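Read the single chain below, which is given as structure tokens and is the form deposited in one PDB entry.
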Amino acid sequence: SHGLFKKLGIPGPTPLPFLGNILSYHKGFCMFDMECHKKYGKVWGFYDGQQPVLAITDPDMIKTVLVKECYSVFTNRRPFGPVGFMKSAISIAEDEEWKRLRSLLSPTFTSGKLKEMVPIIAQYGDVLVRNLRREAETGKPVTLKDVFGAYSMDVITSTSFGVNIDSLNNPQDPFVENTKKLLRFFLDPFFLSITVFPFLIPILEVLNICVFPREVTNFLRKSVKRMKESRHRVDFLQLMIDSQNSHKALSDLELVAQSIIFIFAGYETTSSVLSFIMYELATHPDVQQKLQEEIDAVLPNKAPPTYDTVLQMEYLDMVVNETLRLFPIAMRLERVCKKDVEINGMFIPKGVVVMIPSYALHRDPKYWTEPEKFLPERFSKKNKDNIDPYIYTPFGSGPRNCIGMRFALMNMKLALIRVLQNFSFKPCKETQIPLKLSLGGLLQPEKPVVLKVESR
């Protein structure tokens, strides 16, 4: 099927047999999407092994795929590798089964239900401050990945199951051990193989091989059973078991798999984005000072932030949004075409993966002035409405966007406020001023960001 885009009159790199264009992934997903956009223009296609992938960049065409024709045509993402019982997760559920899961879990992420999570989240904001002050009063350079990763674990554990632990200073607890335990290696030899060898995916399903290590899942599967046995609470687990008794209902095996991806998504993202924010704040002290001035103005005398005060901080929203533009951790948005459909004057055949290159759009000079720079002023209210909502898609769009968007934004902002209320961050020895992105399948820096923490 290597002649598809040739017959459709769609440009793209010439694919090799059995490999497609995966050899061009040697500079990471980010660099490959940039070069193809510059060479082939608005629309191009390539191959991940035998799988044809059509990249679209027209905002009207993006809206049709992600919003207008989401339920009818572009409903599911590309099939993942061996998942086992995790096939019931909402992030990989398909068609009607996903629609049931999305509706059953939508009330869990309401703005009203998010308010009640602020007191628990803010509880570990001060825990993070104490962990930073112990490393700041000693003048030790701080790897943000460890402290922010510790903070994100504390928020996820308490918000999901109510478990209250200082993961940074309790790495030996049985709960933190399994949750941290995970293979963190999309361009790893495994995921590169299943691209060339998608036929081997059902092989590993019957072998009971899962991308999730079976030790962690069995611990989490058994742990949730004990918590349900114990069953006021306002955490994710209660909010889902409450929906069980409340359109069909959620099974206790679905409930476990549903909550696992919340930890999956909540843990790695939050910490990674927070480190990306702090690198920019360290390399741009003027933004950090202006953000610190705003944080102190809304919250005098280092006042504890609440749900309402965070949403008032406009520059904090600008700082978060601009960092997400420079570093869209998804790097891509994908939908599988379910049928022969003509959209925006173009024929997309069945089974093709339609891809939206979020990274290549976020740095396209056509839509962003000096895209390679860090300019929070792009998202000021004066310049805010000139941004097309289908070019800047940090959390996706349409019915299948990031369901935990508001929680994640609240969690990171509550973290930034408490940290910036008490500390200022400056570059250190190994700051790596030209921050290099990892050439792998994950949007992370080549080397972990290390900075100096000074007590105000």
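Only residues modelled in both forms are compared. Positions refer to the first chain, counted from 1. Heads up, when I say rigid core I mean the largest set of C-alphas that superpose within 1.5 Å between the two forms. Compared with the form deposited in another entry:
- Here the two forms are overlaid on the core, and between these two forms the C-alpha of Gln172 is the only one among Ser103, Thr110, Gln172, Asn208 to shift by 2 Å or more.
- A movement of the C-alpha atom of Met31 falling short of 2 angstroms is seen between these two forms when the two forms are aligned on their rigid core.
- With the core held fixed, the Cα of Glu69 is displaced between these two forms by 2 Å or more.
- Core aligned; runs of 3 or more residues with all CA shifts at 2 Å or more between these two forms: 69-71, 169-174, 181-185, in sequence order.
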Given for the second form:
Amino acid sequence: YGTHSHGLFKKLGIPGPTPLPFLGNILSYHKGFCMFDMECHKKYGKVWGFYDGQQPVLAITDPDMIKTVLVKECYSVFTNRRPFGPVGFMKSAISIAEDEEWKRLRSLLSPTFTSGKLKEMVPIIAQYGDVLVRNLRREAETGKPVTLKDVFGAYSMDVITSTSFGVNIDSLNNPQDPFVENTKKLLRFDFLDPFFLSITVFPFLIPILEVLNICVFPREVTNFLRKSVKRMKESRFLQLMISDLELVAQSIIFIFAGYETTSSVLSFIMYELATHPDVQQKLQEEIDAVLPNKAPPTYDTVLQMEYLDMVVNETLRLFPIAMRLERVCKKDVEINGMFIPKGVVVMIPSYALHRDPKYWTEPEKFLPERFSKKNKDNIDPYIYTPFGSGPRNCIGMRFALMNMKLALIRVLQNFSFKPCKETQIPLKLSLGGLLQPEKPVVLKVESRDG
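With the form deposited in one PDB entry done, generate the form deposited in another entry in the same format.
FYI, this one's just the chain on its own, none of its partners or other molecules.
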């Protein structure tokens, strides 16, 4: 044994890197997830396979197959994502839930993320849009070059607290440690770090760890928050959901999926507006045309912003946070002539696709015009997929976008961001399992006549 699934991609006739005995193909992750995926797409073509230990992963690319798994799948065959380390009571989280139990939660929370309940949340988010400008004004006046993800991570926190349970606080290094230390600890998992890398190789550990009540969502923070929710559940997203303890699972997840996820994207965007100060100028004017001098953004003032939408999307093109998109093959099935067997993890190289000469010309270039209607809609969904596609895509995509734009509005309409000393140029991506800069983005911020 040690090499269970290795007979697969040979007997099936699918190309790919040849695996070692217990590791299979992991050492290839020495460059990262996206790095490994670019190489594989180039070399093995449109479809190939590799082994995450003894777990076979088939990477598809033909948009025809992509729609069939991301759409023709509601229990059909594909439906769940790869199961990871000891989850504990979080096995009730919607992003972690499976099969019928998932469809329940999904179609139960959907109401909570409708337009109308969003245009209703705007007021609140705007509130923290202004706090951001205040806190950003300090670092401008002091003349010290700013570290992005810190102000954005604070903004993300501010909006997560208030919208998840109306807990209004000024996270941003001000009353920085009330109920903020817990929340602040809910970061994305780096699946390429020692711990997870081991479990991927030795999945038999999961049942072992779970008996020792070791969970991948630290008991410390989950406990705090589970008791908090109960507190205000009595005092009374929380208000809309309001099982009694499945509710605590969702609430924590939204924070997990929206926190470091938003500030991470936002910091990337402010980076592109540095050696694209020209783009920032256009954006700035577009914001002033719609909203007079420092006019307050409205739910609809945002939708009417072609350029803002172009800058955001093109940023998400180059940097699709969830590098990959994968689903698990529930049963044996063929689909568009291919045949994938039960238990195989179907992967979709989001980052690699978003940077492949086939659909993008000079793909390394940050040029917004791609999304202006004329270049726009000449691009295939299933190819550009930052929030995924189909039934099981980002349930909070719009919210994510609103939030990120509102943050751009007030910010752009008050400051100008230009590079400085430690500001890396070009970029350089980390070789870990998270799509981050590697050496955080630093930008000098100056007030716009203030």
